[PDB]
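Novice: For this one, chain A is given, so just place chains B, C, D, E, F and G with the ligands on it according to the hints.
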Amino acid sequence: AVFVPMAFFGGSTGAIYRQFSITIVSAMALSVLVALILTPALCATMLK
Amino acid sequence: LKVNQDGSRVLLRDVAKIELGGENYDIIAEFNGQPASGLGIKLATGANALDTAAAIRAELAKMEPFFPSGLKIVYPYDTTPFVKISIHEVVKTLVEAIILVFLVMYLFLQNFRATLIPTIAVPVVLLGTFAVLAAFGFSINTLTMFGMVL
Amino acid sequence: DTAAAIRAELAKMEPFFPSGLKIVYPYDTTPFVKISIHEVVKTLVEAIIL
Amino acid sequence: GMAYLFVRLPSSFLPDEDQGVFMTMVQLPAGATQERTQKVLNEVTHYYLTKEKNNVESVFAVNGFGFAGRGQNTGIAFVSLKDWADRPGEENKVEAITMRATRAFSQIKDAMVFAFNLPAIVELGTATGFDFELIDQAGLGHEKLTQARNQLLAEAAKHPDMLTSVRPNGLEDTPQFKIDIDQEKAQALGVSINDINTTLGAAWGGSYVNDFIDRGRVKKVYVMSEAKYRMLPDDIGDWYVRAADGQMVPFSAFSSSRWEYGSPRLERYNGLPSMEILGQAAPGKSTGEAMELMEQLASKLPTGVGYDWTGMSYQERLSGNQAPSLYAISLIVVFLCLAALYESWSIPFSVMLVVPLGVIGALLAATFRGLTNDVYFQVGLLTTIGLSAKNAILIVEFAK
Amino acid sequence: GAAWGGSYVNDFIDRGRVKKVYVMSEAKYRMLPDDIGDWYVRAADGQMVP
Amino acid sequence: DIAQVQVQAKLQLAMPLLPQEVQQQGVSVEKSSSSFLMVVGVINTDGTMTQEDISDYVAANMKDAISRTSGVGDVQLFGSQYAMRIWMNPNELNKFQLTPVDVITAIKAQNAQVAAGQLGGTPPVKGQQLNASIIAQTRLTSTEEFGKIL
Amino acid sequence: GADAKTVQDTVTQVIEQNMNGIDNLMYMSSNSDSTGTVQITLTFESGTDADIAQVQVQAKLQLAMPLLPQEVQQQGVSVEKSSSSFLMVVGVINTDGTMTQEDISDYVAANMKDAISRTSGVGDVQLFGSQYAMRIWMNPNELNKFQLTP
Ligand SMILES: CCOc1ccc2ccccc2c1C(=O)N[C@@H]1C(=O)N2[C@@H]1SC(C)(C)[C@@H]2C(=O)[O-]
Ligand SMILES: CCOc1ccc2ccccc2c1C(=O)N[C@@H]1C(=O)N2[C@@H]1SC(C)(C)[C@@H]2C(=O)[O-]
Numbered sequence: 451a452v453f454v455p456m457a458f459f460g461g462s463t464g465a466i467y468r469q470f471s472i473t474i475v476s477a478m479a480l481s482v483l484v485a486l487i488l489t490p491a492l493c494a495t496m497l498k
Numbered sequence: 251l252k253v254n255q256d257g258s259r260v261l262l263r264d265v266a267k268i269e270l271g272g273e274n275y276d277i278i279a280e281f282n283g284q285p286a287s288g289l290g291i292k293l294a295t296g297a298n299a300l301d302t303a304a305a306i307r308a309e310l311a312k313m314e315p316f317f318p319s320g321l322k323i324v325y326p327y328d329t330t331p332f333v334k335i336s337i338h339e340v341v342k343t344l345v346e347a348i349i350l351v352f353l354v355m356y357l358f359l360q361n362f363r364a365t366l367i368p369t370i371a372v373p374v375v376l377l378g379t380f381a382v383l384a385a386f387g388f389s390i391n392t393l394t395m396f397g398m399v400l
Numbered sequence: 301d302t303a304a305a306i307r308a309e310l311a312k313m314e315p316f317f318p319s320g321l322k323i324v325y326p327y328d329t330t331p332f333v334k335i336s337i338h339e340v341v342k343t344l345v346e347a348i349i350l
Numbered sequence: 551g552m553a554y555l556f557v558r559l560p561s562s563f564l565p566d567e568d569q570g571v572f573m574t575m576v577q578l579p580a581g582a583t584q585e586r587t588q589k590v591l592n593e594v595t596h597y598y599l600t601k602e603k604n605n606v607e608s609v610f611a612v613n614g615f616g617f618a619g620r621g622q623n624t625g626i627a628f629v630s631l632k633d634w635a636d637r638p639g640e641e642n643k644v645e646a647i648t649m650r651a652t653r654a655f656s657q658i659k660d661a662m663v664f665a666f667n668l669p670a671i672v673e674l675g676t677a678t679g680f681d682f683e684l685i686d687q688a689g690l691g692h693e694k695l696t697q698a699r700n701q702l703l704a705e706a707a708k709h710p711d712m713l714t715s716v717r718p719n720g721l722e723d724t725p726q727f728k729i730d731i732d733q734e735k736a737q738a739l740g741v742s743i744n745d746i747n748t749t750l751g752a753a754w755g756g757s758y759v760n761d762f763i764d765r766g767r768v769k770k771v772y773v774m775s776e777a778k779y780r781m782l783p784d785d786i787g788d789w790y791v792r793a794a795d796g797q798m799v800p801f802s803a804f805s806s807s808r809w810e811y812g813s814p815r816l817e818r819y820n821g822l823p824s825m826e827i828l829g830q831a832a833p834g835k836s837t838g839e840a841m842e843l844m845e846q847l848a849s850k851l852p853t854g855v856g857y858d859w860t861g862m863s864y865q866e867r868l869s870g871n872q873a874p875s876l877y878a879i880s881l882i883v884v885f886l887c888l889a890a891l892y893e894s895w896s897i898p899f900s901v902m903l904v905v906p907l908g909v910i911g912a913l914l915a916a917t918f919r920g921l922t923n924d925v926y927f928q929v930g931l932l933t934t935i936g937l938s939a940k941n942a943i944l945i946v947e948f949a950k
Numbered sequence: 751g752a753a754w755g756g757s758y759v760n761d762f763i764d765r766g767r768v769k770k771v772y773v774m775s776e777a778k779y780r781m782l783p784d785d786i787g788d789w790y791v792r793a794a795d796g797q798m799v800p
Numbered sequence: 101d102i103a104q105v106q107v108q109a110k111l112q113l114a115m116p117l118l119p120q121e122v123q124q125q126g127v128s129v130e131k132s133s134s135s136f137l138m139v140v141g142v143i144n145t146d147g148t149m150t151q152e153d154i155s156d157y158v159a160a161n162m163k164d165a166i167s168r169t170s171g172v173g174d175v176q177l178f179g180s181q182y183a184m185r186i187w188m189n190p191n192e193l194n195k196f197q198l199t200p201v202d203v204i205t206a207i208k209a210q211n212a213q214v215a216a217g218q219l220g221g222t223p224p225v226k227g228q229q230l231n232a233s234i235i236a237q238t239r240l241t242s243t244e245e246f247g248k249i250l
Numbered sequence: 051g052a053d054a055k056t057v058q059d060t061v062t063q064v065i066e067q068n069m070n071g072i073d074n075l076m077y078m079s080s081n082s083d084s085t086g087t088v089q090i091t092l093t094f095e096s097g098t099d100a101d102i103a104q105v106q107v108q109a110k111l112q113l114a115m116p117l118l119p120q121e122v123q124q125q126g127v128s129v130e131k132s133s134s135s136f137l138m139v140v141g142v143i144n145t146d147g148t149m150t151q152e153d154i155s156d157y158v159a160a161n162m163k164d165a166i167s168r169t170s171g172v173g174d175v176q177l178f179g180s181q182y183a184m185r186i187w188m189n190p191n192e193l194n195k196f197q198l199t200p
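Residue numbers (the deposited numbering), protein chains in the order written: chain A, 451 to 498; chain B, 251 to 400; chain C, 301 to 350; chain D, 551 to 950; chain E, 751 to 800; chain F, 101 to 250; chain G, 51 to 200.
Hint data in this document are derived by calculation from the structure and do not stem from the laboratory. Any given hint could be a false lead.
Calculated from the model, a selection of chain F residues having no Cβ within reach of chain C, i.e. all distances over 10 Å [claimed, not checked]: (1) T148; (2) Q151; (3) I186; (4) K195; (5) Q229.
List time: in silico DSBU-like cross-link candidates among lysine-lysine, alpha-carbon distance up to 35 Å [claimed, not checked]: (6) D/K643 with B/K322; (7) D/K643 with D/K632; (8) D/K589 with G/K195; (9) D/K850 with F/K110; (10) D/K778 with G/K163; (11) B/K312 with D/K770; (12) C/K312 with F/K131; (13) D/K950 with E/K769; (14) F/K226 with B/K267; (15) F/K110 with G/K163; (16) D/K601 with B/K334; (17) D/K735 with F/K195.
Quick look at which bits of chain G chain D covers, simulated, 3 or more residues with Cβ under 8 Å [unchecked claim]: (18) 52–62; (19) 69–79; (20) 84–94; (21) 119–126; (22) 183–197.
Yeah, the Cβ is synthetic: ideal placement off N, Cα and C, and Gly gets one too.
Chain A extracted, bound-state conformation:
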């Protein structure tokens, strides 16, 4: 909600604030997919 509405671009600065969120916004949902899957698993399987 901070990044995606900032990426509603207007004019010749089209792929500037646009690519400045959607790029890193996919990385947010892939890190929440890496924190809901994967990280839970590796911590239980092998820690101390």
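Specialist: Using the frame of chain A, we list chains B, C, D, E, F and G with the ligands on its own:
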């Protein structure tokens, strides 16, 4: 052109000089004060930039062997090496962000395995981002690679 | 939207007219869509109150 | 302190980087030749070679082709700098190289030679810079449009005013040799008007005749004249056109020699004549202020003279109108999403004033050093809102 | 063709904007069928022919 | 968009086998929607002019701008743009022994712009100081100048 | 050969009145030099497909082509995608078997220029020199000797 009375022939060379020269003498280049020509290729408004410049060397490479004596290619004003530096000083910064994070995870937690879960977490997310930008439409721009560091 | 930009060019032309030249508006499609929005969103409010 | 370090912090778009490559252009005055501009292109090539061996690998000069347009006056050299490793300091960087290069061309030269950065981006988005254009809406000519443009440039430079910088794009105005051919004089002696038009046209200007073959590849054939018989005005009479009565007739018989004043670059905007005005914003003012203080100067001009903003700039900018709208909706949705997982009218507000905590520090590092609020800094703010919300949500989640 | 129907000859300039030039004839010499004979074409022997 | 291109990329092949009168005339391939929407009338109140002076000003100021803006299909001018109109008198032609063919030749000769060369040409001699463009015949402007065609 | 105001209303203005009925358009600029070279730039909205936008502009120029000079028709008329700026600028020189700044420019335009502009979608190529051509230099004194003209 003509045949004057007495059987004399007026030819085109007799009335005018004939040399095989250029069609336009308005411009002439000089590479380091040396007689030269060139090929200033400009983009096609939406082209792939470096992929276009890679195929400029595709045609050029097959032309090289059939040159006369002396003819040699030289490379001024080039955009190609700037994108090679933007990949080699961002993926290098990518590795410097992982190694520096490795030291912070070891100081707070002495366990080697604890400085390993976050080390495999972020590279997996970095690759997943490439798959999203490929499926939607974007590319590996100067901007989207700076998004990987941020 | 095309008819809105017909008034865009026309508006910049108005000031540089000679003496007497004036614009007039017969046969117009614009005001019919303004009535179709104002007597449907008005009917929208009359359906909520009822 | 968060507000004060924002307004005073200037607005750019994208930083002009060292790209390992730059260039410089040339411009000679009214009616220069190929030989005169070549002297200027040589002196420029010497500054980059003998006086800059460490920083320049090569040069690629050109005689009669600038990035403005074309002609025998213009020119352009394409510099290819050495690799980044062999150039250590800030002295051997594009900013410093083009600084003392422009000084050398304004000191020991009698022309208009410059040197500009390699911006990337496009031609637009200079920041604190505009592009005006002056249109002739009514039925005035070229001579009337010239006087209107001189009154616009003069009025800007005579009452500033947190000042300005304004010059034309390329309407230097040079003479043109007109040849009035009297029609009644021609037909009396018995010469066709068709024959006379391709005697003057083919000889001086050249003429496309026919296609021939050379070594396999089909090329063109051109007919013109030896250089020495078409340099000066006195060589007009040397050409003799043939009449129907089988005798020669000189060009001086029917023609008439007299100079005039035209323009070597007639620009047109949208079906009407026009003249580009390349001016920029002040060091104090910035874009929005400069453009509206150029609009009331255009209205004070004579009748049949309107205007239109040509022509990269703009539609709606970035730190201007856009940013307020982007950050506006960003707050609206952040508040809603801190409620689907929380449920209150207090939790959202705690996260909604960690915003100025991270922003005061961001504006401190940018304003202190020689950076500015451009694209890279603007999105650095939103990452800080994601890390100030993140850390504060840990403070709110575990505590509740 | 040029007299009755008109004919596109060449482009000229008027007040800046390039327009067309047309050649035809005064209205009264091309209304009825009897005005055909009023036009005289020139022959090679330097005399007119109706 | 694409359907318009295919239709006008086929008309082009048949263009050479048409009359030379039709080629120079307006050939147009435009998107159609049998019906108008905005029909902007134009009149005069104070400084009165005819139904011809008004039609020229519409076609020489606001017609080219309207058809180009916001994707207009095709504009129909209700009148006509101005043009150097001539009315050949047949009785006066016979007085001086002339035809409409000789009138058309006089306008395609005097009323015509010629492309002259330039002092100090594209390939000059080394050491020339000046370089200007030569002007020759100019297209006639007013009604008075057309009256003085010999 | 034509001067500035010759090309301003014989080539430029003719196209400008016939540059209508185009989908998407912000503005249109123009230039006309004394060297005899005109260049219009029809800018469209942001990222308007440059493929279809190129066709509409050159499917309208075609209708105005018959009302241009016959000199300009046979000359190079071109509608290409533009990106004001170069990227690859391949210089070409000689070292051993020395030739001029004209022999090199012909070989570039008669071997590697046609291949480069066609490959990987190039917008428009600018030759820094000129292709060879059977060049003739008519002497005016020798023409008068045998009674002749250009
Ligand atoms: C390149 C920026 O040239 C600039 C830019 C800004 C200025 C502000 C004030 C005073 C001067 C300048 C110049 C200036 O002195 N240039 C002079 C000129 O003439 N031209 C130039 S630039 C040009 C190439 C568009 C054109 C030409 O040669 O046709
Ligand atoms: C709702 C998600 O809209 C998106 C998302 C991602 C995109 C990635 C690339 C390009 C577009 C988009 C759009 C998209 O559809 N927006 C636009 C659209 O229409 N255009 C843009 S960008 C543009 C300039 C290439 C073009 C135009 O204006 O003609």
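Novice: Which of the listed hints are broken here?
Specialist: 1, 8, 9 and 13
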